[PDB]
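Listed below are the residues making up each chain.
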Amino acid sequence: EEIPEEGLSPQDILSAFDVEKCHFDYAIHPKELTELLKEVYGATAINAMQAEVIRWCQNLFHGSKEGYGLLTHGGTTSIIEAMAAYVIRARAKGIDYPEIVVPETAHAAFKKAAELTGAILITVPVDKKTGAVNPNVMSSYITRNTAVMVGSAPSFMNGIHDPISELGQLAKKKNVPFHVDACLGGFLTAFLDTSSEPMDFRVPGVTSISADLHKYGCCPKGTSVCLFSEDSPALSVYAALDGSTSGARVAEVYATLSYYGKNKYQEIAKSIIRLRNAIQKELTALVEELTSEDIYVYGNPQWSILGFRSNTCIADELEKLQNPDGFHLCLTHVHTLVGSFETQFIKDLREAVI
Amino acid sequence: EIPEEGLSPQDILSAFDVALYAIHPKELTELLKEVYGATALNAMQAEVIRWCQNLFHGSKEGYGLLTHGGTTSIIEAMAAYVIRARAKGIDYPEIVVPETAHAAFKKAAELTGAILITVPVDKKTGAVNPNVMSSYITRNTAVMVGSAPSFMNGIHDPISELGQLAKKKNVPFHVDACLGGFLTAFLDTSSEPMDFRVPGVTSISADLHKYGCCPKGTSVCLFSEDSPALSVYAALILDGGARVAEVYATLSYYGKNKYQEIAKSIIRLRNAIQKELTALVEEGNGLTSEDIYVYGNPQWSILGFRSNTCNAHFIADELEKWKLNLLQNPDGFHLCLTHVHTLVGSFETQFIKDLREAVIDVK
Numbered sequence: 107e108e109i110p111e112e113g114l115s116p117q118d119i120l121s122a123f126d127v128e129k130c131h132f133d160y161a162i163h164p165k166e167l168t169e170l171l172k173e174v175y176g177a178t179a191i192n193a194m195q196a197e198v199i200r201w202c203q204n205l206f207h208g209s210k211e212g213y214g215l216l217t218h219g220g221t222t223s224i225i226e227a228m229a230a231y232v233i234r235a236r237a238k239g240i241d242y243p244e245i246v247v248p249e250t251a252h253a254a255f256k257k258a259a260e261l262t263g264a265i266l267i268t269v270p271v272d273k274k275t276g277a278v279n280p281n282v283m284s285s286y287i288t289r290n291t292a293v294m295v296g297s298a299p300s301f302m303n304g305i306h307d308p309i310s311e312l313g314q315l316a317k318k319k320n321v322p323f324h325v326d327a328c329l330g331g332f333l334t335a336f337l338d339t340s341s342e343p344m345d346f347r348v349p350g351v352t353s354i355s356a357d358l359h360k361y362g363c364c365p366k367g368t369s370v371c372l373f374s375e376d377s378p379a380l381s382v383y384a385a399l400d401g402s403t404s405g406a407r408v409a410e411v412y413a414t415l416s417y418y419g420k421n422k423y424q425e426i427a428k429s430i431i432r433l434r435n436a437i438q439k440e441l442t443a444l445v446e447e451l452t453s454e455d456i457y458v459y460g461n462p463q464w465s466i467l468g469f470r471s472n473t474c479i480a481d482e483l484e485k493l494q495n496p497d498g499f500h501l502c503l504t505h506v507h508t509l510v511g512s513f514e515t516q517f518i519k520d521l522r523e524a525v526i
Numbered sequence: 108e109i110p111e112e113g114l115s116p117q118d119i120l121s122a123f124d125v158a159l160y161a162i163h164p165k166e167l168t169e170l171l172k173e174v175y176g177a178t179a180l192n193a194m195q196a197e198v199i200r201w202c203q204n205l206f207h208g209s210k211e212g213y214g215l216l217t218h219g220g221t222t223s224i225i226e227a228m229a230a231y232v233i234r235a236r237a238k239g240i241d242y243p244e245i246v247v248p249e250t251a252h253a254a255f256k257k258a259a260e261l262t263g264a265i266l267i268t269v270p271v272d273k274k275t276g277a278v279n280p281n282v283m284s285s286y287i288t289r290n291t292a293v294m295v296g297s298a299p300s301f302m303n304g305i306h307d308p309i310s311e312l313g314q315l316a317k318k319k320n321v322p323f324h325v326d327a328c329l330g331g332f333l334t335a336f337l338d339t340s341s342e343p344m345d346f347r348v349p350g351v352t353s354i355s356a357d358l359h360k361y362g363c364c365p366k367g368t369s370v371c372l373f374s375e376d377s378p379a380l381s382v383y384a385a386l398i399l400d401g405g406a407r408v409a410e411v412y413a414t415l416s417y418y419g420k421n422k423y424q425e426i427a428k429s430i431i432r433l434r435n436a437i438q439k440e441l442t443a444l445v446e447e448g449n450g451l452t453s454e455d456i457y458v459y460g461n462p463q464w465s466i467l468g469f470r471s472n473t474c475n476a477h478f479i480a481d482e483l484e485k488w489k490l491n492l493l494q495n496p497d498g499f500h501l502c503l504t505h506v507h508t509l510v511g512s513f514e515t516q517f518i519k520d521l522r523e524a525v526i527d528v529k
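Here the protein sequences come in this chain order: B and A.
Mind the numbering: the first sequence is residues 107 to 123, 126 to 133, 160 to 179, 191 to 385, 399 to 447, 451 to 474, 479 to 485, 493 to 526 in the entry's author numbering, read in order.
Mind the numbering: the second sequence is residues 108 to 125, 158 to 180, 192 to 386, 398 to 401, 405 to 485, 488 to 529 in the entry's author numbering, read in order.
For the record, the hints were derived by calculation from the structure and aren't laboratory data.
Just so you know, even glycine gets a beta-carbon here, dropped at the ideal spot from N, CA and C.
Just so you know, not all the hints are guaranteed correct.
Selected chain A positions facing chain B (in silico; Cβ < 8 Å) [what the hints assert, rightly or not]: (1) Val125; (2) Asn204; (3) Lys366; (4) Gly419; (5) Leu493; (6) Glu523.
Work out the full structure, taking the sequences as your base and the hints as a guide.
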């Protein structure tokens, strides 16, 4: 209830949380990584590695090194960075009350940046059949005030991405910035074959991309990256933010991306998807017997997330989501390591509806 | 450009190769090392907050934040106050600060869409006059701030009286203590309190690196129960385990006794420097306080230097023979005392004979 008036011994301290050499007398990472991180940490509590880490990420999303990116405090923050800088230009452009144009399915970290930046959040409905925003419907929402439009790739709350390449078409035609939020799916897609439908800088007029390192980059929770194009009208503002620095947190990421390697990130991604298909087949299985209507997966997801909904009545009863009530399962490396994930949770997902 | 397949640790570490400063006891660097690997990949946080609240004399029912070092903690509260300002109907919210405040505030208002209102500060006291700042408060005022102290000079603002100026005009009052926060927390300030004891104070912000001695980049932002800012958090953190851990472990390892001991030693050292410097403009032939003086009556860990015959900058540059902090606008530099300046033997006798050599050349 108070700070120890007198220091506590190291044994009694880490006893709150020894298997250790020095004598003070969810998936868990390979001990030789858990500790590789330990000794990089002890040596940072450097300029080269941040600039390198970003330029890795700028290649992960097929960007060019005339753009600009930086690290932030993880998730919402890479979204404040972009949103902030975008309404800074909008104002410096001359716009008094700029808007943020997003789909309802967008991350809750947009109302906040709007309210933070003193901006207007314009929320555009998505196709209620596919869960993806209709670019034509979004067109009915862009005026001069628009500082930036947003596409989720995918969207946190259903695992359904917007069509980035079509939204990118509408972008230039209305000549506004087009932030792609990929905080969730960024580091799962950037190791998958998105090519017939890219969601990065391979889409013309996708000035900005936000991505979170932690979940699929497998870095500790507390870092992210926000990348800007060179046509990104936001450089205007930086050329004149949020975010504070800490050298170790670069190091923990530089050491982590390197230790995993590139096609280690790939095999987790492909395994998360195989599992996603897997869960779905064991689900529509039951409907070879419970019915479509009792429970279902919303839409045709492509990645790590499976949103579940139900028109009859399941989630915090499932101990074994936003306004359309539901719950999504966010699949992850650990879900791939648990033997037979699909035919447990689904035959304990029925054990929830009953 | 990301390694095509995993590197060996041996050649990740190889890339890592693995002015004054202190070193933690090996026992502690090695403690944090172990604590890291256990938490990198709980309600200690509530504990840290609860502790920090008590270090600044607040109820457990105020609301506190662990943030990312200084400006992040400052803009966090600034945003919240400006947001409720708009939530009320002030399209143009005002942030009232003394001009000695941090440029963090200038970011914050230039980010939140607020107007920064710089209040003049007393010219050779360094502290704001409450009577002056008083007509600097309108309806459109989102929040006012008092620094404790201001980083530039080591001079703090009359928080207890700024508090009176807050209770009557009914406007949120933020105490910026990102610097002196975890030095004053361990000193006897009951005479001139600069925290939640002062009625009217709605938020304090403080950093943990420089006197809390935590690793680089954690911070506390504390709101009281009477803080209007809570309602913002009630509707919606506005900016966003291991970081919880390195703070929890560091604060625990030290404890008050070590923190208070260091704190007062830093203060005696500040007096030491001042009075060894006053005792050199001593007698003839000669040097004086026109050529270099310490500005105002600093109380804490910072000493701002000036000169009215030479140039304070060619003075600070030419004692290559110290980590000093050259200061813009009124021309000068300050020394910020930390625990490490207390470990060396009689810091003040040798810094000053370096400081005389520094002025002899410059004159």
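Now for the hints, and whether the structure bears them out:
no.	hint	result
1	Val125	holds, 4 Å
2	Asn204	holds, 5 Å
3	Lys366	holds, 5 Å
4	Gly419	holds, 4 Å
5	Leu493	violated, 21 Å
6	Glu523	violated, 34 Å
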